[PDB]
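A.B. asks: Spelled out, the chains give:
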Amino acid sequence: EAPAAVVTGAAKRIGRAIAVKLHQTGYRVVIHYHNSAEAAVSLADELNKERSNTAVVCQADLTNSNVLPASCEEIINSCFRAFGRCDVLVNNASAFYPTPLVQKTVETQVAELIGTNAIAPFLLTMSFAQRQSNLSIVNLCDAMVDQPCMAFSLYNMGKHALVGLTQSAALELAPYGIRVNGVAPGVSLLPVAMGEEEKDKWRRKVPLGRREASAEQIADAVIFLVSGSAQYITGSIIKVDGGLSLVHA
Amino acid sequence: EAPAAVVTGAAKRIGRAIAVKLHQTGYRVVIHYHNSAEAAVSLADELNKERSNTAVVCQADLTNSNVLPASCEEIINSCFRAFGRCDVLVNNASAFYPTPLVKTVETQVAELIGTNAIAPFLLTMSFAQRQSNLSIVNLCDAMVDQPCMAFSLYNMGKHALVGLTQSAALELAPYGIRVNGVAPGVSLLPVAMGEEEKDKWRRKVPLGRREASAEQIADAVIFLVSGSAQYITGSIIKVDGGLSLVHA
Amino acid sequence: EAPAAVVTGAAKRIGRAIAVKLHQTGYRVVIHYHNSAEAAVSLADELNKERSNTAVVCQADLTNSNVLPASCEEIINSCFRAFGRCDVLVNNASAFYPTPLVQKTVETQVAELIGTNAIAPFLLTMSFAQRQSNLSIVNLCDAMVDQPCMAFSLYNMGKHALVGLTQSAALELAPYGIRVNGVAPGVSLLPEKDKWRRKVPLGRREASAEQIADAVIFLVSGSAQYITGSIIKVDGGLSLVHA
Amino acid sequence: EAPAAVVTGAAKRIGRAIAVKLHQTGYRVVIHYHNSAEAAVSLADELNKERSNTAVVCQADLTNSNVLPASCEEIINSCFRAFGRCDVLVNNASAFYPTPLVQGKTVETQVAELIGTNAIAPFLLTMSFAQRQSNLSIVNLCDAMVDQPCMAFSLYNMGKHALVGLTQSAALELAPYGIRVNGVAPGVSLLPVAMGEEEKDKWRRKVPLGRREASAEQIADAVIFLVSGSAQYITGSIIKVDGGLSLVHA
Ligand SMILES: NC(=O)c1ccc[n+]([C@@H]2O[C@H](COP(=O)([O-])OP(=O)(O)OC[C@H]3O[C@@H](n4cnc5c(N)ncnc54)[C@H](OP(=O)(O)O)[C@@H]3O)[C@@H](O)[C@H]2O)c1
Ligand SMILES: NC(=O)c1ccc[n+]([C@@H]2O[C@H](COP(=O)([O-])OP(=O)(O)OC[C@H]3O[C@@H](n4cnc5c(N)ncnc54)[C@H](OP(=O)(O)O)[C@@H]3O)[C@@H](O)[C@H]2O)c1
Ligand SMILES: NC(=O)c1ccc[n+]([C@@H]2O[C@H](COP(=O)([O-])OP(=O)(O)OC[C@H]3O[C@@H](n4cnc5c(N)ncnc54)[C@H](OP(=O)(O)O)[C@@H]3O)[C@@H](O)[C@H]2O)c1
Ligand SMILES: NC(=O)c1ccc[n+]([C@@H]2O[C@H](COP(=O)([O-])OP(=O)(O)OC[C@H]3O[C@@H](n4cnc5c(N)ncnc54)[C@H](OP(=O)(O)O)[C@@H]3O)[C@@H](O)[C@H]2O)c1
Ligand SMILES: CCc1nc(N)nc(N)c1-c1ccc(Cl)cc1
Ligand SMILES: CCc1nc(N)nc(N)c1-c1ccc(Cl)cc1
Ligand SMILES: CCc1nc(N)nc(N)c1-c1ccc(Cl)cc1
Ligand SMILES: CCc1nc(N)nc(N)c1-c1ccc(Cl)cc1
Numbered sequence: 002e003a004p005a006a007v008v009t010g011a012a013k014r015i016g017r018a019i020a021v022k023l024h025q026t027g028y029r030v031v032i033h034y035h036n037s038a039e040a041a042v043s044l045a046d047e048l049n050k051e052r053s054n055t056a057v058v059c060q061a062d063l064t065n066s067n068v069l070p071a072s073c074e075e076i077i078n079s080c081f082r083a084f085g086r087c088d089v090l091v092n093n094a095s096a097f098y099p100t101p102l103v104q114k115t116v117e118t119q120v121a122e123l124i125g126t127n128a129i130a131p132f133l134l135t136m137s138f139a140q141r142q152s153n154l155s156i157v158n159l160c161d162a163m164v165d166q167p168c169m170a171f172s173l174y175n176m177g178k179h180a181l182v183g184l185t186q187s188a189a190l191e192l193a194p195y196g197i198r199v200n201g202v203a204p205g206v207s208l209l210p211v212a213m214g215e216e217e218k219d220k221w222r223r224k225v226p227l228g229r230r231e232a233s234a235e236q237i238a239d240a241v242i243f244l245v246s247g248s249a250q251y252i253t254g255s256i257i258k259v260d261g262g263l264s265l266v267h268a
Numbered sequence: 002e003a004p005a006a007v008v009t010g011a012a013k014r015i016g017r018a019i020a021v022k023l024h025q026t027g028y029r030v031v032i033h034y035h036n037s038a039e040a041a042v043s044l045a046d047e048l049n050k051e052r053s054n055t056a057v058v059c060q061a062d063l064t065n066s067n068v069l070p071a072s073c074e075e076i077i078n079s080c081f082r083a084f085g086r087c088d089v090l091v092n093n094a095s096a097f098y099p100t101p102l103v114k115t116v117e118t119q120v121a122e123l124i125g126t127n128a129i130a131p132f133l134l135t136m137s138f139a140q141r142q152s153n154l155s156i157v158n159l160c161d162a163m164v165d166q167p168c169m170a171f172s173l174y175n176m177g178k179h180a181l182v183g184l185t186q187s188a189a190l191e192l193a194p195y196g197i198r199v200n201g202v203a204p205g206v207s208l209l210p211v212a213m214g215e216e217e218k219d220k221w222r223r224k225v226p227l228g229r230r231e232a233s234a235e236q237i238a239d240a241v242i243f244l245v246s247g248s249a250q251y252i253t254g255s256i257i258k259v260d261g262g263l264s265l266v267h268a
Numbered sequence: 002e003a004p005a006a007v008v009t010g011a012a013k014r015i016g017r018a019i020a021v022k023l024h025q026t027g028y029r030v031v032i033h034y035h036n037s038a039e040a041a042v043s044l045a046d047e048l049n050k051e052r053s054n055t056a057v058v059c060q061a062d063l064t065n066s067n068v069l070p071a072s073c074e075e076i077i078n079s080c081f082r083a084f085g086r087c088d089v090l091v092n093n094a095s096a097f098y099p100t101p102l103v104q114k115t116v117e118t119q120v121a122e123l124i125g126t127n128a129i130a131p132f133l134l135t136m137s138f139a140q141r142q152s153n154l155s156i157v158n159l160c161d162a163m164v165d166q167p168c169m170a171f172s173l174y175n176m177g178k179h180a181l182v183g184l185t186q187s188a189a190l191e192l193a194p195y196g197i198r199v200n201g202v203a204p205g206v207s208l209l210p217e218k219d220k221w222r223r224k225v226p227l228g229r230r231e232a233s234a235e236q237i238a239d240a241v242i243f244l245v246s247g248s249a250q251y252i253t254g255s256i257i258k259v260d261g262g263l264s265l266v267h268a
Numbered sequence: 002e003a004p005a006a007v008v009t010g011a012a013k014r015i016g017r018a019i020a021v022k023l024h025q026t027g028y029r030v031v032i033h034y035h036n037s038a039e040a041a042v043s044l045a046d047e048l049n050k051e052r053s054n055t056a057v058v059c060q061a062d063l064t065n066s067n068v069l070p071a072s073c074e075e076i077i078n079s080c081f082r083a084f085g086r087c088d089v090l091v092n093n094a095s096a097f098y099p100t101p102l103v104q113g114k115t116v117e118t119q120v121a122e123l124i125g126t127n128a129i130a131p132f133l134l135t136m137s138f139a140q141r142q152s153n154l155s156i157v158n159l160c161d162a163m164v165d166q167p168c169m170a171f172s173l174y175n176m177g178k179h180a181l182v183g184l185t186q187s188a189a190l191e192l193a194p195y196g197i198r199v200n201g202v203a204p205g206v207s208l209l210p211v212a213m214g215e216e217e218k219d220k221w222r223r224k225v226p227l228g229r230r231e232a233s234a235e236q237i238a239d240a241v242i243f244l245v246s247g248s249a250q251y252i253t254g255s256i257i258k259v260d261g262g263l264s265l266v267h268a
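Residue numbers (the authors' numbering), protein chains in the order written: chain D, 2 to 104, 114 to 142, 152 to 268; chain B, 2 to 103, 114 to 142, 152 to 268; chain C, 2 to 104, 114 to 142, 152 to 210, 217 to 268; chain A, 2 to 104, 113 to 142, 152 to 268.
If we strip away everything but chain D, and leave its shape as in the complex, we get:
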């Protein structure tokens, strides 16, 4: 039978491209979404038009709270309910906004930024492992974590914690045959709210091509990590950043 993957935040942008490319590869997919119901449903319909019964949606808020463990367990359970197995988890969903140190509550910001970027990946990892071929987890990291944007402390803290998770889970889950790796974009699809002049400023920084990564280029690295061509790779984080992280101030 066909393997099955969960992709978080899969309705739009990079998560959509990952879900598409996994499906093209032969996976059945759970399209997790939070607010983007119409886009999630439209994607599942597109994938099911290609092969019936190969895509479902699953709604969840991945903000940290006392029920986040239950929500994460339910996302994994939704893959077993639909497809009878769960071979790949892709932790893609992520909040991003500034949290300046000097002048939503700050605890809501902690819950959203650390919850989506770190705690939900951790809880999803627990539930993936507990509910258990070529099993693997891919975490969407950030190649610029050590040269961060000013005023983004909580986002940066969350992405650093996700590197720690990737490493710790690779070590702990290797005996169960589950590999755990990361893909670290530099700039890929730019923020919807960002003006054209600012987008071009970011583009001009990238050595390879002076352009952002497509979503498909990011997804290409995810497909490699889940493939049989990566069977001895665990704990690794692949930068897909066009050289951006090597550029000095």
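There could be a bad hint or two in this list.
Dumping the calculated EDC-like pairs for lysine to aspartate or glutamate here, alpha-carbon to alpha-carbon at most 20 Å [to be verified]: (1) A:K22 - A:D46; (2) B:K114 - D:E74; (3) D:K13 - D:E117; (4) D:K114 - B:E74; (5) C:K224 - B:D62; (6) B:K22 - B:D46; (7) C:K13 - C:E47; (8) C:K13 - C:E231; (9) C:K114 - A:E74; (10) A:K224 - D:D165; (11) C:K22 - C:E231; (12) D:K50 - D:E39; (13) C:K220 - C:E231; (14) C:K218 - C:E235; (15) B:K114 - B:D165; (16) A:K114 - C:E74; (17) D:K50 - D:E74; (18) B:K218 - B:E117; (19) D:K22 - D:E51; (20) C:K50 - C:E74; (21) D:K224 - A:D46; (22) C:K13 - C:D46; (23) B:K224 - C:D165; (24) D:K13 - D:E235.
FYI, nobody ran anything at the bench for these hints, they're computed from the structure.
Fit chains B, C and A with the ligands to the given chain D structure using the hints.
C.D. replies: Structure of chains B, C and A with the ligands alone, referenced to chain D:
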């Protein structure tokens, strides 16, 4: 006038040695503690016997919760109320216990990610908002990239603290606040640990086959807050006897 | 036309596996060797039996010396002469032995360890770029570079230098569309063996040269067109394991 | 009896600052130099005027060659010859110039100079320091920007990366001998003498902490900490002294 410092988890072990050394250097100290009230008060009394009105205690749980921002604002405020200034913040307090992937898990998240990362972040916000050689020192972990098995939430917290160190160094540089870390390998070993297990850790350390004293950790904190470190920000100094360089 | 690749130290072990997989992928290949002429020619015979005139050999000593720049220019030129193009350079050749700090001359050891592991990759990079589509260079790094083996100072130095070359050349050659990346094995083909295997988290799977070659195939592919300056560890998780 | 230190490339700039601060701390010093004879002697005269017989000069080219091991052995021997002991080695001397990958000295001369001064001579001096053997240590002058390198400086960057590898490998292997091995990694400190003020200001404006380069004494302060008793458990560590520069994105 004498500068003042806040040290979190200062009643015992490394945080106690840091508070002692800061005091010996000339700082007035806030000794934060959670459960260890008798040891925090005994330290305060020792330091005030050495020089009157130079130490106070401040109790707080640094577990993450809806009240943690207020608690961290109150720790910093305690230094201003006692001493009229707050020049140094040492984020030392830390929960450490296994969280296997295969207390509720959300309590473990609150304790391990709150003490190791969120409380340092909120303390950093409160310190900066209240603002000469100002600096913050974060107690990191030199083994964060070769972590102990089954310690994912602790490791996640310590990685998040590296990110805070860097992000806060960059954002607080314009205000003249330096932000750095000290990363022990093994220093004071857990008190429950049998000597046979302690000796196994000691044997791994290239430099002397022995754990760091708390005082050796504190010496790196004293350097980073001193005028000999005035250009250092965003740096994490390993104090690990070469342990992180040892392969499996 | 089919793209072409140079693989250094391609007669045996990892380099041989890389050459085979590039050839299977559709590359024409230059098989570099120093001492292993019989194995280089045996490999070329196997590859040419599959597709005629798709594999040649090239002899060079990659020890640093006054003639190393000309040797490296000749390896690159051999690819252009055989195949009319040179799309991929894999810097695989490497010397490995201990050089204790406290007690071949030490300067011969510098020439071999630093020359084969770092300087010849630098000179090959220069010649590859100067003679220039999906162009890329892949350097064989070491996943244990920051947890080095005791008494291997010069080997470790040269592998660190190779990381610096990977990064510096990625930046400088990006405007030319040449990507520069690394693959960092941990324990692959062993030179006591069991001791090492039991420490690898993914130790249920034997380490293989083909697994290393798979990462090289990804990095040279169109699936890696935005990837430059990246070093992929292929080590079963070994570098995550504390002492 | 006062401890003794060797500082390479100590006639001017950062290496002079390091020699001066070690001397102020109580060390006797060997001021190594290559071409800067007048500045080396000037400095040793100043230090000797402060306390007699506490500074000597030693001349040596640190370019790689088949004689480099003998030169490095001789530098260490000069410390024992003058002072009877050698407690600290500071590997400061360093060539720096561009070596573009795509197109005067031959490339092999550039290799010998850039990799010799930045890496091979530190390795040979480390071997001779250890063989000739309490608070013994080595400090290597690294570069905080080694992972965000300047365009066209590949050989310099390769040499600094190799020096990180040496720092770590020598820390591990020399720990049983009680010799600590650490690094200090400037971002921008004293700017090139050839650089125009406009270009210097471009660099200064990038630095978060103060929008200025490190003084030479700020770099020396980190060296003095690492050789001190306050660092007695620290080995294999590289301290950035960079004002936050390495944290700044493109
Ligand atoms: N784009 C880049 O250049 C870039 C650069 C560096 C790293 N990355 C990483 O790559 C991944 C994909 O980036 P992207 O730009 O495609 O991300 P994005 O568009 O900013 O976010 C992806 C999705 O995350 C989901 N999400 C946000 N908050 C959530 C919450 N509270 N609960 C559950 N889901 C939530 C949202 O789903 P709904 O729309 O359904 O609400 C959203 O569509 C992220 O991890 C990002 O950090 C991207
Ligand atoms: N010891 C080592 O070898 C070592 C190795 C690597 C890193 N480090 C780091 O170095 C720092 C000091 O280490 P240590 O061994 O001295 O630490 P420790 O003894 O484990 O803990 C220090 C103090 O943290 C406070 N703490 C724990 N949970 C708390 C909470 N919920 N709220 C507030 N405070 C809390 C406790 O204060 P009360 O007693 O008052 O409750 C405790 O005494 C830590 O950050 C540790 O991670 C140490
Ligand atoms: N095996 C592993 O586990 C492992 C681990 C970490 C990193 N790596 C990296 O992976 C790559 C391939 O490793 P491997 O074990 O397959 O290497 P290997 O067999 O030790 O050597 C590869 C080839 O390099 C060539 N070589 C050595 N010294 C030379 C010189 N002076 N001039 C020219 N060529 C020379 C030799 O070719 P000839 O036989 O023709 O003379 C040799 O067959 C290396 O860069 C290595 O450092 C491997
Ligand atoms: N300045 C900075 O901003 C900065 C930034 C990053 C790293 N660093 C590192 O910090 C250290 C000191 O920097 P600096 O700017 O003071 O260095 P520098 O002025 O460029 O060079 C220091 C000395 O190196 C000696 N040297 C050069 N080539 C030599 C050779 N072939 N043989 C022997 N000695 C040789 C020269 O001695 P003579 O004059 O006697 O010939 C020179 O005075 C260097 O390792 C540098 O890489 C500095
Ligand atoms: C808002 C898009 C976004 N979402 C998430 N989850 N993470 C990010 N790192 C970004 C991001 C992308 C490009 C730039 Cl230039 C800045 C931030
Ligand atoms: C329990 C002491 C402790 N507390 C905290 N906060 N962090 C740690 N990293 C440790 C610790 C020290 C030595 C060993 Cl061997 C293991 C863990
Ligand atoms: C001789 C094989 C070899 N050659 C080179 N060129 N580099 C290496 N790192 C090794 C190697 C492989 C396995 C072990 Cl355990 C140690 C070293
Ligand atoms: C020429 C001074 C110099 N010498 C050496 N040995 N290394 C360096 N890294 C520099 C240097 C300092 C500042 C700038 Cl901006 C650029 C280079």
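A.B. asks: None of the hints should be skipped; say for each whether it holds.
C.D. replies: How the hints compare with the structure:
Of the supplied pair hints, the one linking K22 (chain A) and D46 (chain A) holds, its CA atoms being roughly 15 Å apart against a limit of 20 Å. For the hint pairing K114 (chain B) with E74 (chain D), the CA-to-CA distance comes to about 18 Å; that is within 20 Å, so the pair holds. At most 20 Å may separate the alpha-carbon atoms for a hinted pair to count; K13 (chain D) and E117 (chain D) exceed this at roughly 27 Å. Proximity of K114 (chain D) to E74 (chain B) is assessed by CA-CA distance (about 18 Å); at most 20 Å being required, the pair is judged to hold.
Distance restraint check for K224 (chain C) and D62 (chain B): the Cα-Cα separation of roughly 39 Å exceeds the 20 Å cut-off, and the hinted pair is therefore not satisfied. A threshold of 20 Å between alpha carbons decides the hint, and for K22 (chain B) with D46 (chain B) the separation of about 15 Å falls inside it, so the pair holds. Distance hint between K13 (chain C) and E47 (chain C) is fulfilled; the C-alpha atoms sit about 13 Å from each other, no more than 20 Å. For the hint pairing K13 (chain C) with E231 (chain C), the CA-to-CA distance comes to about 18 Å; that is within 20 Å, so the pair holds.
Annotation: proposed proximity of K114 (chain C) to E74 (chain A) holds, straight-line Cα distance about 18 Å (limit 20 Å). As the CA atoms of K224 (chain A) and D165 (chain D) are separated by approximately 16 Å, the hinted pair is consistent with the 20 Å bound. At most 20 Å may separate the alpha-carbon atoms for a hinted pair to count; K22 (chain C) and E231 (chain C) meet this at roughly 19 Å. Proposed proximity of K50 (chain D) and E39 (chain D) is supported: the alpha carbons are some 16 Å apart, at most 20 Å.
Between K220 (chain C) and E231 (chain C) the CA atoms are separated by roughly 13 Å; this keeps the pair inside 20 Å, and the hint holds. Taken as a hint, the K218 (chain C) and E235 (chain C) pair is honoured in the structure, with Cα atoms around 19 Å apart against an allowance of 20 Å. With a C-alpha separation of about 27 Å, the suggested pairing of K114 (chain B) with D165 (chain B) is violated against the 20 Å cut-off. With a CA separation close to 18 Å, the supplied pair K114 (chain A) and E74 (chain C) stays within the 20 Å bound.
The straight-line distance between the Cα atoms of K50 (chain D) and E74 (chain D) is roughly 28 Å, outside the 20 Å bound, and the hint therefore fails. Between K218 (chain B) and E117 (chain B) the CA atoms are separated by roughly 31 Å; this puts the pair beyond 20 Å, and the hint is violated. Among the hinted pairs, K22 (chain D) with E51 (chain D) is consistent with the structure: their alpha-carbon atoms are about 13 Å apart, no more than 20 Å. In summary, the hint linking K50 (chain C) to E74 (chain C) is not supported, as the alpha carbons are separated by about 28 Å, beyond the 20 Å threshold.
Between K224 (chain D) and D46 (chain A) the alpha-carbon distance is near 50 Å, which puts this suggested pair outside the 20 Å criterion. Taking the CA atoms of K13 (chain C) and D46 (chain C), the gap is near 14 Å; set against the 20 Å cutoff, the hint holds. Between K224 (chain B) and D165 (chain C) the CA atoms are separated by roughly 16 Å; this keeps the pair inside 20 Å, and the hint holds. Restraint check: the Cα-Cα separation between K13 (chain D) and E235 (chain D) comes to about 12 Å, which is no more than 20 Å; the hinted pair holds.
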